[PDB]
Amino acid sequence: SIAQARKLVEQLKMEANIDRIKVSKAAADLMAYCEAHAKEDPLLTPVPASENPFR
Amino acid sequence: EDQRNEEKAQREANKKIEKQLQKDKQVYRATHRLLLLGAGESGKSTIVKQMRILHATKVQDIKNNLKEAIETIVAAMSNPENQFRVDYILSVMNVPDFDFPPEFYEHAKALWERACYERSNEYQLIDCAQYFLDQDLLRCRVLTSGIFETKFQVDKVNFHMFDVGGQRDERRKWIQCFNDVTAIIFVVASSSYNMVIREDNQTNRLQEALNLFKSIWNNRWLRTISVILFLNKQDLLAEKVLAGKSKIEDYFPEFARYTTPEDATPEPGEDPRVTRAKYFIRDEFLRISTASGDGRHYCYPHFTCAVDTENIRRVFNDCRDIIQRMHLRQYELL
Amino acid sequence: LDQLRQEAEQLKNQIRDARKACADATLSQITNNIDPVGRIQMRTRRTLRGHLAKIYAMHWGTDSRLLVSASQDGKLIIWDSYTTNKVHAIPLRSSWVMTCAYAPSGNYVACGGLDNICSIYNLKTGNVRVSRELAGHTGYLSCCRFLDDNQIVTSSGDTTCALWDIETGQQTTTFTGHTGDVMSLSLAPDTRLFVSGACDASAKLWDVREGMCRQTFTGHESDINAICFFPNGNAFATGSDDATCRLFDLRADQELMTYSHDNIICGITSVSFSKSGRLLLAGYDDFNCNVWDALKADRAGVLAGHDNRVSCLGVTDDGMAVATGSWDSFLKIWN
Amino acid sequence: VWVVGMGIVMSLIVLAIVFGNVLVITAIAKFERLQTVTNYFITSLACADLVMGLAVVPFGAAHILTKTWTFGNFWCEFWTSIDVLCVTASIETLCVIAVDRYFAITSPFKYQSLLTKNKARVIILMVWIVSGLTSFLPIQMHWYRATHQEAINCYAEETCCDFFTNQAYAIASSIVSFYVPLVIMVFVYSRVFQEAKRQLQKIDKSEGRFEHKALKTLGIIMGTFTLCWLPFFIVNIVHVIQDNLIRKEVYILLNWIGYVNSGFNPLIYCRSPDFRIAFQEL
Ligand SMILES: Nc1nc2c(ncn2[C@@H]2O[C@H](COP(=O)(O)OP(=O)(O)OP(=O)(O)O)[C@@H](O)[C@H]2O)c(=O)[nH]1
Ligand SMILES: CN[C@@H]1CCc2c(ccc(O)c2O)[C@H]1O
Ligand SMILES: [Mg+2]
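Chain order of the listed sequences is G, A, B and R. Going letter by letter, the first sequence gives residues 8 to 62 in PDB author numbering. Going letter by letter, the second sequence gives residues 10 to 64, 89 to 112, 122 to 155, 160 to 180, 195 to 394 in PDB author numbering. Going letter by letter, the third sequence gives residues 4 to 128, 131 to 340 in PDB author numbering. Going letter by letter, the fourth sequence gives residues 31 to 240, 268 to 339 in PDB author numbering.
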């Protein structure tokens with residue numbers, strides 16, 4: 008039943024050897040995405056009442 | 010125009026649908042729901058079977098339980123007649139396919155001809175085995205996942221009692237769902253003061269039941285639901301108390317200072333000893349109940365034997381009180 | 004057996020050291036110069052009535068016009084937001100329901116709960134009827150999501166997640182690795198990866214085709230009740246029971262930011278994002294909902310129109326309205 | 031001085047009644063949680079009390095302060111009729127509330143099925159119709175008018191009008207308005223108290239070894282209403298059976314004492330924590 012223990016130590020090995028990137032690059036990518044797509048956000052900028060389906 | 014036609018059909022459907030829910034709303038408010046919480050090997054499923062009395090595949094299953102019982106007792110022996127049968131039992135100890143053959147079935151009676163059954167505390171087995179080795197439908201034990209629901213009607217009211225089953229249930233999270241239940245029917249074992257739990261040292265099985273009761277009693281969600289308590293397995297308690305072995309004072313040292321209550325309705329013809337124990341078990345249970353609750357909680361103890369005693373009226377009689385106290389408290393008349 | 008434990012300690016410390024060597028700076032410092040969003044206030048537009056008991060699930064449709072809700076009354080009602088009209092009331096064999104779904108094609112609706120069995124119905128046949138009954142499983146289900154008309158992914162409380170097959174009614178593949186009850190999941194936009202939040206205070210990143218885990222985040226401190234995804238597809242927000250919400254990153258393999266407040270001592274039941282991933286709406290157990298900021302941790306509005314706890318939340322695919330269900334058997338639409 | 035000052039004192043009372051019943055009426059409708067089967071009767075009672083305070087109190091105060099009524103004879107006949115209606119309908123609502131509470135307490139299983147929204151609406155409509163039949167029809171038709179020299183002089187004179195009634199109408203109105211619901215409420219509350227005492231005895235027997270609330274609540278509910286209304290209806294028969302023992306001063310004083318029951322009712326009833334929370338919110 009130590010074999011169940013054996014399975015656990017193999018998985019960690021795979022997850023250890025993966026490529027990583029800096030936090031700053033991910034933050035910049037999120038910044039770019041939000042800045043680009045903030046225009047088409049009805050919750051952020053309210054739409055006119057003449058074009059509001061629920062009103 | 011065409012649009013006006015489009016609107017008309019939908020309005021009728023909302024009208025048709027809304028009519029149907031009105032009829033079903035009355036039925037929903039006329040049903041009182043009870044939750045059958047308990048502990049393992051406490052006889053809770055026996056109560057449900059007796060409740061299906063209001064309102089042959091299993092026979093193949095009963096043999097499988099018998100096979101499990103023989104294997105557990107034989108394995109327990111390690112802790122000369124038919125030694126080969128004993129070897130054969132070891133040979134047949136774990137066959138995952140079905141085990142139809144007569145020679146093992148014949149051999150099994152012979153092997154029994160031993161004292162392992164007497165040392166029940168040392169190992170873990172099934173209670174039903176002694177009857178099987180030597195009602196029948198309720199005697200067998202089966203572990204199944206899922207909710208068993210029984211609807212029974214009495215005196216122009218409808219009661220829907222359901223039991224939830226978890227083989228390895230712990231740190232239960234589905235208990236949050238049951239907030240509107242009328243009452244919780246808690247079932248305990250009164251003959252488990254001298255047995256271990258799962259063969260792990262654990263503690264006295266009852267100490268596990270009391271610890272479970274404390275968690276149920278003190279909970280944020282179950283802060284307004286009353287509890288009905290059943291002390292199952294009364295017949296086995298009398299036999300053990302009469303027997304010299306398994307002294308009660310050894311496992312629970314607090315019994316020595318305990319004395320009999322001033323108030324008692326000892327059953328007819330009961331020795332001042334069997335009875336004494338009975339109350340202790342109960343009080344131990346109530347002590348937690350009186351500590352908290354603040355008038356929104358109450359415990360109704362009972363002494364029942366699941367095999368013989370009829371208990372349909374007790375639930376109905378007490379359920380009328382639970383609703384009555386709730387209405388009295390709401391109107392401040394209480 | 005004890006020798007293998009030595010490798011675990013060395014391997015575990017390797018990941019922590021590697022992660023700590025990639026944290027160049029905090030997220031807040033980078034976005035410190037960004038102008039604040041301001042104050043966001045929204046009011047109820049429609050109120051939906053007809054349920055006899057509390058509600059645990061809700062899921063919008065692809066057309067962003069229809070939605071489905073489930074309750075303990077044994078009903079599975081499909082509403083219409085524009086006109087407030089009920090279209091179908093489906094009776095249920097079991098009165099206990101904990102989840103519901105809505106296929107993208109708009110033809111099938113799924114359900115499940117304490118019965119350990121997932122059920123599938125057929126809206127467009131005209132009588133609603135059961136189509137399949139996926140029953141090989143154990144433990145209460147928590148969530149169900151639709152990939153296509155033939156695939157469905159379910160998670161339950163037996164520490165497993167499986168991918169089913171409607172046509173054959175058998176598990177194509179199974180996922181294992183959790184040590185506690187699994188409580189929530191949702192799919193990626195491309196329907197290739199999905200996560201699962203368990204009760205062991207950890208989240209995992211599975212792979213549907215491969216069938217193996219890829220990453221594990223253990224930044225929380227208690228049970229997890231809900232989880233969402235960023236619209237970009239490279240981040241996901243988790244809301245645990247410790248009155249906190251955290252945002253992770255797949256590429257960075259770190260916890261980027263934490264949302265918490267000293268005046269809140271209640272757990273989170275559901276979280277969701279906005280159309281552009283700017284406002285992180287999150288439900289709460291203290292009878293109202295709070296609107297957070299995904300990058301500033303500044304509250305910008307509170308929705309307190311409910312008389313009980315909130316158990317579900319969702320956002321239309323067009324980003325036009327927010328629907329919140331509660332335990333008082335009432336739905337609401339905010340805009 | 032005192033006469034002018036006393037009128038200002040009565041002005042404060044009128045303001046409290048109008049505002050007190052308005053708060054209960056608005057809060058019940060605004061919040062869906064406060065809506066229930068038993069709250070329809072409370073809403074009806076609040077509406078009746080508000081109508082009383084808005085209609086009969088200011089005009090009665092003006093009639094007391096200024097010697098001669100100014101609107102006219104027909105209008106003061108209308109005032110008397112609406113006063114009778116508002117007084118009669120208020121009392122019978124409390125009897126309905128007591129009966130509903132007795133049904134809830136004594137028979138719990140069938141309470142949910144017995145009472146419904148349609149049944150409550152029918153009962154309220156029937157009660158209001160019965161109250162209207164006794165009030166408008168005899169008063170407006172001049173059947174109650176008595177024949178006496180002072181009475182006929184007052185009736186013919188349009189300068190002012192005062193209350194003079196026939197023996198039969200006085201007896202019937204007093205009985206139907208007060209005496210019939212009183213014994214019903216007394217029996218109801220006695221049975222409720224007996225049930226509560228039995229339940230408390232059961233609780234004491236079950237887990238006693240290890268009843269001020271009922272008495273206080275019943276004392277408030279019964280004694281306030283009785284002390285407010287009983288003397289007026291015990292002198293109503295008296296001044297008609299016998300020969301002019303009481304003067305109009307004590308009569309009008311007892312009537313004005315009976316008036317303040319409408320103001321006291323919002324404080325006595327609907328004291329639950331939910332009502333307090335709703336009031337705090339709004
Ligand atoms: N002496 C005695 N034994 C009882 C009584 N009620 C039940 N039992 C025993 O307990 C059995 C009931 O089944 P259990 O083994 O408790 O299992 P279950 O009822 O399925 O309950 P769980 O194990 O909790 O699922 C019966 O077959 C008897 O062996 C009783 O009143 N007296
Ligand atoms: C002077 N105003 C009236 C006169 C008689 C009367 C009143 C109230 C209730 C009744 O049943 C009555 O008969 C008084 O409010
Ligand atoms: Mg079971």
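The set of hints was computed from the structure by calculation and includes no laboratory data. The reader is advised that the hints may include incorrect statements.
As the list claims (entries may be wrong) - Straight line, CA to CA, 25 angstroms or less: simulated DSS-like cross-link-like pairs of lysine-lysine:
(1) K24(A) x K57(B)
(2) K25(A) x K15(B)
(3) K28(A) x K305(R)
(4) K25(A) x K89(B)
(5) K57(B) x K211(A)
(6) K89(B) x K28(A)
(7) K32(G) x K46(G)
(8) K32(A) x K140(R)
(9) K235(R) x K25(A)
(10) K34(A) x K301(B)
(11) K57(B) x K147(R)
(12) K28(A) x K57(B)
(13) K29(G) x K23(B)
(14) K34(A) x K149(R)
(15) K232(R) x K273(R)
(16) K301(B) x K29(G)
(17) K57(B) x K29(G)
(18) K89(B) x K24(A)
(19) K15(B) x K14(G)
(20) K25(A) x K127(B)
(21) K274(A) x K235(R)
(22) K233(A) x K89(B)
(23) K20(G) x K23(B)
(24) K20(G) x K15(B)
(25) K149(R) x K25(A)
(26) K57(B) x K32(A)
(27) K216(A) x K235(R)
(28) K273(R) x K28(A)
(29) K34(A) x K15(B)
(30) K32(A) x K216(A)
(31) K15(B) x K32(A)
(32) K32(G) x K301(B)
(33) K127(B) x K28(A)
Here's how the hints hold up against the structure:
1. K24(A) x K57(B): Holds - the C-alpha atoms of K57(B) and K24(A) are around 23 angstroms apart, at most 25 angstroms.
2. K25(A) x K15(B): This hinted pair is violated, its Cα atoms lying about 62 angstroms apart.
3. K28(A) x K305(R): violated (60 angstroms)
4. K25(A) x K89(B): Judged against 25 angstroms, a Cα distance of about 10 angstroms means the pair holds.
5. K57(B) x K211(A): Between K57(B) and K211(A) the Cα gap is close to 22 angstroms, so the pair holds against 25 angstroms.
6. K89(B) x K28(A): holds (12 angstroms)
7. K32(G) x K46(G): holds (23 angstroms)
8. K32(A) x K140(R): Judged against 25 angstroms, a Cα distance of about 17 angstroms means the pair holds.
9. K235(R) x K25(A): Distance of about 54 angstroms is beyond 25 angstroms: violated.
10. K34(A) x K301(B): violated (47 angstroms)
11. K57(B) x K147(R): With Cα atoms ~22 angstroms apart, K57(B) and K147(R) stay inside 25 angstroms; holds.
12. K28(A) x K57(B): The given pair, whose Cα atoms are some 21 angstroms apart, holds under the 25 angstroms limit.
13. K29(G) x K23(B): With Cα atoms ~11 angstroms apart, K29(G) and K23(B) stay inside 25 angstroms; holds.
14. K34(A) x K149(R): With a Cα-Cα distance of about 16 angstroms, the restraint between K34(A) and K149(R) holds, given a limit of 25 angstroms.
15. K232(R) x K273(R): holds (21 angstroms)
16. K301(B) x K29(G): holds (20 angstroms)
17. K57(B) x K29(G): At roughly 46 angstroms apart (the allowed maximum being 25 angstroms), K29(G) and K57(B) break the hint.
18. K89(B) x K24(A): holds (9 angstroms)
19. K15(B) x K14(G): Holds. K15(B) to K14(G) sits at ~15 angstroms (cutoff 25 angstroms).
20. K25(A) x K127(B): The hint holds at about 19 angstroms.
21. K274(A) x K235(R): Cα-Cα ~24 angstroms, so holds.
22. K233(A) x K89(B): violated (32 angstroms)
23. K20(G) x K23(B): Holds - the C-alpha atoms of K23(B) and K20(G) are around 18 angstroms apart, at most 25 angstroms.
24. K20(G) x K15(B): Measuring from Cα to Cα gives roughly 10 angstroms; hence the hint holds.
25. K149(R) x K25(A): Roughly 23 angstroms between the alpha carbons, so the hint for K149(R) and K25(A) holds.
26. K57(B) x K32(A): holds (19 angstroms)
27. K216(A) x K235(R): violated (30 angstroms)
28. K273(R) x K28(A): Given pair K273(R), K28(A) is violated - Cα atoms ~46 angstroms apart, limit 25 angstroms.
29. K34(A) x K15(B): violated (57 angstroms)
30. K32(A) x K216(A): holds (18 angstroms)
31. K15(B) x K32(A): With a Cα-Cα distance of about 61 angstroms, the restraint between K15(B) and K32(A) is violated, given a limit of 25 angstroms.
32. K32(G) x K301(B): Answer holds: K32(G) to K301(B) is near 18 angstroms, not above 25 angstroms.
33. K127(B) x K28(A): holds (23 angstroms)
The structure shown violates the earlier hints numbered 2, 3, 9, 10, 17, 22, 27, 28, 29, 31.
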